[PDB]
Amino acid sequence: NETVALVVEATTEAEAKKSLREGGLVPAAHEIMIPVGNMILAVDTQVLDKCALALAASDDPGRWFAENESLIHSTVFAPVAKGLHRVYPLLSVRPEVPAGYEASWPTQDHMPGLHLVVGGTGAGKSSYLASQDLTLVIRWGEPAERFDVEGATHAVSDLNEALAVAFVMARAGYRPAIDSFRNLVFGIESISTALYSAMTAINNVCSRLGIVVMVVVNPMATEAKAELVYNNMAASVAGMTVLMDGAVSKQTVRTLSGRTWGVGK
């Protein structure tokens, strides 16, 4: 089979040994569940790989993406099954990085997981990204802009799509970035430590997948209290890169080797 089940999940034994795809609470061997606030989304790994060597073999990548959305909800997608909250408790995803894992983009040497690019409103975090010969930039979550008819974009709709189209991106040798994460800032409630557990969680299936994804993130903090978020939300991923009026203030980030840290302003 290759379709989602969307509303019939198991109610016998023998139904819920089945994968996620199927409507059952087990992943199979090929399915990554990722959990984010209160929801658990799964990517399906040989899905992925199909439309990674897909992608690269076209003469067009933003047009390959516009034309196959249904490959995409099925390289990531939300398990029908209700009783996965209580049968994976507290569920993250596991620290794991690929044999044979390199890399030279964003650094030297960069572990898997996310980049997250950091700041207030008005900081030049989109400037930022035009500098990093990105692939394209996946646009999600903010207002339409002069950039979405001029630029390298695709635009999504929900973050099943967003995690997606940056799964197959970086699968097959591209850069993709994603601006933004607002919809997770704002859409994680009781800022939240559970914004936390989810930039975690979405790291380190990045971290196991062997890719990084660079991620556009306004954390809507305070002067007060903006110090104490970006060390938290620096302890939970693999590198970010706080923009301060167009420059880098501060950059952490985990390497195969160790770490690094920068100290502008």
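Rigid core here is just the name for the largest C-alpha set that superposes within 1.5 Å across the two forms. Residue numbers count along the first chain shown, from 1. What changes on going to the form deposited in another entry:
- Rigid core superposed between these two forms, residues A172, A123, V93, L136 considered: the one with a C-alpha shift of 2 Å or more is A123.
- In a rigid-core overlay of the protein, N218 has its C-alpha displaced by under 2 Å between these two forms.
- A displacement of less than 2 angstroms separates the C-alpha positions of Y196 between these two forms, with the rigid core held in common.
- When the rigid core is held fixed, the Cα atom of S74 travels 2 angstroms or more between these two forms.
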Second form
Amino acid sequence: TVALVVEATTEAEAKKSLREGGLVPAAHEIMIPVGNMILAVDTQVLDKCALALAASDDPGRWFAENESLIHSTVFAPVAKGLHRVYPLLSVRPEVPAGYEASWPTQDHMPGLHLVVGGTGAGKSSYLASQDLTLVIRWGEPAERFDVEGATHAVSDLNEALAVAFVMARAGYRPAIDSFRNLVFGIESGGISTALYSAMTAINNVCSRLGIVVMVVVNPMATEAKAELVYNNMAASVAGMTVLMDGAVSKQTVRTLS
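Counterpart to the form deposited in one PDB entry, namely the form deposited in another entry:
Partners and other molecules have been left off, which leaves just the chain.
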């Protein structure tokens, strides 16, 4: 029931929600700027899904039976004027009252936890150690892990964020493998600055939802500029783990202290 083509042309219609093709977010809609795109998470749909999934005796069966409903948690509004009305849009830094965390580390701030670098088999071996519920697979070549793993395959950034948000909000532990297409598709030392603010935007969405989502990221930096890029990433998110040669090279985490 998301408007796909018809957008507000009167003041009366412009006041409706983003879902209906208006330009004013409802209380339960959070806009997420990614590059020059603007997505929206419907926190009512998100919470309906998280609650159904957290309260289920068979969470796997409800998941499979409502994939379409889960994916609809995030969508791209149709109204073209959003960039103008919300200039230099980000997501505000909020933490829900009573938030608590023990994973990925103790008192980990809600937000993103980037897993960067790694052998490739050092990635997958680090993901296996984190006791994840599933791995959301996006933008990566099909390998064995997609065939007989605890995975969920998606096609676009709406589906990736929607599943991670729903799983984490239901109390489970998701990871996204990976933001490869987000590193390639956003363009503006050596890395597009828009990648950093995209990560802060998605990070602060998780912050507002009181969740952590682990995400694999390969910034494709020359190994000279790699320390400066990794530092600009740590400055954008709640936590970051660098893997070099399959071992944890360094981890830096904002904590609630």
